[PDB]
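Place chain B on chain A using the hints.
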Amino acid sequence: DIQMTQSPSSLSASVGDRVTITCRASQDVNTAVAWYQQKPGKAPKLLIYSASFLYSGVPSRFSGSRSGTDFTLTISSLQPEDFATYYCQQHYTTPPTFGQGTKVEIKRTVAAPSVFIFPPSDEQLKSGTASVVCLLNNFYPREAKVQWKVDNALXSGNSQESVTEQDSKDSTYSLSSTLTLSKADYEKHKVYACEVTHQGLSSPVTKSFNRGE
Amino acid sequence: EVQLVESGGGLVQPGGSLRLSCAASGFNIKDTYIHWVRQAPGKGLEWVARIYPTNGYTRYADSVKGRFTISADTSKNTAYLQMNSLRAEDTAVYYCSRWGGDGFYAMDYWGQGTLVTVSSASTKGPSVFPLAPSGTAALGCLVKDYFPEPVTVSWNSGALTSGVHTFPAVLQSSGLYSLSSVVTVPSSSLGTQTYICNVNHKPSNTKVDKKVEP
Numbered sequence: 001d002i003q004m005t006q007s008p009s010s011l012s013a014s015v016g017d018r019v020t021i022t023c024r025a026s027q028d029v030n031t032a033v034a035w036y037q038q039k040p041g042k043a044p045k046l047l048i049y050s051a052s053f054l055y056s057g058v059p060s061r062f063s064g065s066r067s068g069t070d071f072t073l074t075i076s077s078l079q080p081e082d083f084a085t086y087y088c089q090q091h092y093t094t095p096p097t098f099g100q101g102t103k104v105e106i107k108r109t110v111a112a113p114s115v116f117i118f119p120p121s122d123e124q125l126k127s128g129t130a131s132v133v134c135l136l137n138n139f140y141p142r143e144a145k146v147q148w149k150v151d152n153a154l155x156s157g158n159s160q161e162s163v164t165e166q167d168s169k170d171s172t173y174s175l176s177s178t179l180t181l182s183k184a185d186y187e188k189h190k191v192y193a194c195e196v197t198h199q200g201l202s203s204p205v206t207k208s209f210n211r212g213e
Numbered sequence: 001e002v003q004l005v006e007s008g009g010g011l012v013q014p015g016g017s018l019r020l021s022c023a024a025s026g027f028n029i030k031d032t033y034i035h036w037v038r039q040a041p042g043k044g045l046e047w048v049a050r051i052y053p054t055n056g057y058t059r060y061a062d063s064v065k066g067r068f069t070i071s072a073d074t075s076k077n078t079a080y081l082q083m084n085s086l087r088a089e090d091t092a093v094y095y096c097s098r099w100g101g102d103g104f105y106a107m108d109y110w111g112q113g114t115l116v117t118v119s120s121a122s123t124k125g126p127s128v129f130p131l132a133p134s141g142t143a144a145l146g147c148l149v150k151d152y153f154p155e156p157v158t159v160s161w162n163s164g165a166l167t168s169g170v171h172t173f174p175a176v177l178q179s180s181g182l183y184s185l186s187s188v189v190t191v192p193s194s195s196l197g198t199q200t201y202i203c204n205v206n207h208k209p210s211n212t213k214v215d216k217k218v219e220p
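Going line by line, the protein sequences match chains A and B.
First residue of the first sequence: 1, per the entry's author numbering; consecutive thereafter.
The second sequence lines up with residues 1 to 134, 141 to 220 when you count with the entry's author numbering.
If we strip away everything but chain A, and leave its shape as in the complex, we get:
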């Protein structure tokens, strides 16, 4: 039918930048293209309707334009409360097709990750399973290599990572790597440590603990 190649996929801009999201159509769709803002966890909301008409309630910093088959969303002064993924959709021929989606984050100064190590809970060893959590609190940018060291020997493929959304205050992130093991295996070792590598660090940071010590 009609595709919608929305570019880019993800971008970063500090407070006050001029953001431009490009949405190229696949054929003639006239001025029947709209834009939507969707904050994480909630429902999409209309921003621009019919190519270049601002919706009621949307601030004057949002605007759209049409140049043939290309539709651009324009944010004059990017605000901190614009952290959301944007989509472009056409309604010229059924079905309506959405864009790929452009996630917008706020660029700030590089911050160092606060590393914490968590031993498993004794209320969990009673069930025959152990889990070691490595905390990376408030850091920017998002890229961070978390590798586990057991008895100073590099382990891998036994832990899952999870990163939050951009924080509403200090526009940073938070990561938690959970090394899932078992009571039959967690006690067959001694030293547990997670190594953190980040741009805000000069050398890799390591937080360790000896089992029972």
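Okay, derived cross-link-like pairs now, DSS-like style, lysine-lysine, Cα gap no bigger than 27 Å in a straight line:
id	chain 1	residue 1	chain 2	residue 2
1	B	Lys-124	A	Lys-42
2	A	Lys-39	B	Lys-208
3	B	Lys-216	A	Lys-126
4	B	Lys-213	A	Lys-126
5	A	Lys-145	B	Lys-43
6	A	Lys-39	B	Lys-43
7	A	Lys-190	A	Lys-207
8	A	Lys-45	B	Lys-43
9	A	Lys-183	B	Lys-216
10	B	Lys-208	B	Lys-43
11	B	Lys-30	A	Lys-45
12	A	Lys-42	B	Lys-208
13	A	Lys-103	B	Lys-43
14	B	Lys-217	A	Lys-126
15	A	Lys-42	B	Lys-213
16	A	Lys-126	B	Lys-124
17	A	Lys-183	A	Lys-149
18	A	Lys-42	B	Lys-43
19	A	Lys-183	B	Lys-217
20	A	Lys-207	B	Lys-216
21	A	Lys-207	B	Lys-217
22	A	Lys-107	B	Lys-43
23	A	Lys-183	B	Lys-124
24	B	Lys-76	A	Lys-45
These aren't lab readings, by the way, just hints derived from the structure by calculation.
Showing chain B alone in chain A's frame:
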């Protein structure tokens, strides 16, 4: 005073059936087109079906044609989406919207979005475990092994919110979700204040308040 509310979703076996309702308030659905747009857990927006409640003209996406049925009722001002032969592909949050100005305003009003999980693993309540630290103090609760989404974790019954991070749920190899929710508090309050996480689970009817202290 224009709002759309969806209801009727939840966990469902593969190939099973599920009906979704979309009650509209603030306008009559007889004047507008009603749509159903789903969003896969992490992916974009996919249009499913459309209906014109005046005469019931229905157009469906080619990925749901023959399996899904959309219907309306002007006497109830409520739209319906009958979903059959459900697969894991259909696991998504199903929104419901309208077309204002007969299409000139596009999908202006959307619903709160109810999620439909299409799996076969039974529901399971989470196991909440504490995380004792050593403000260089940080504690949290491990919400491990539960099914399905979502779960709500608050601290100190909502009174503790400054510097709280609840990580998204990652799906373990055992098909069970798990996440942690930590907090950064001043270190001079580990034997004075009381830190309790409130892990509430509605699908499994689980309500745990595991106090965290070293």
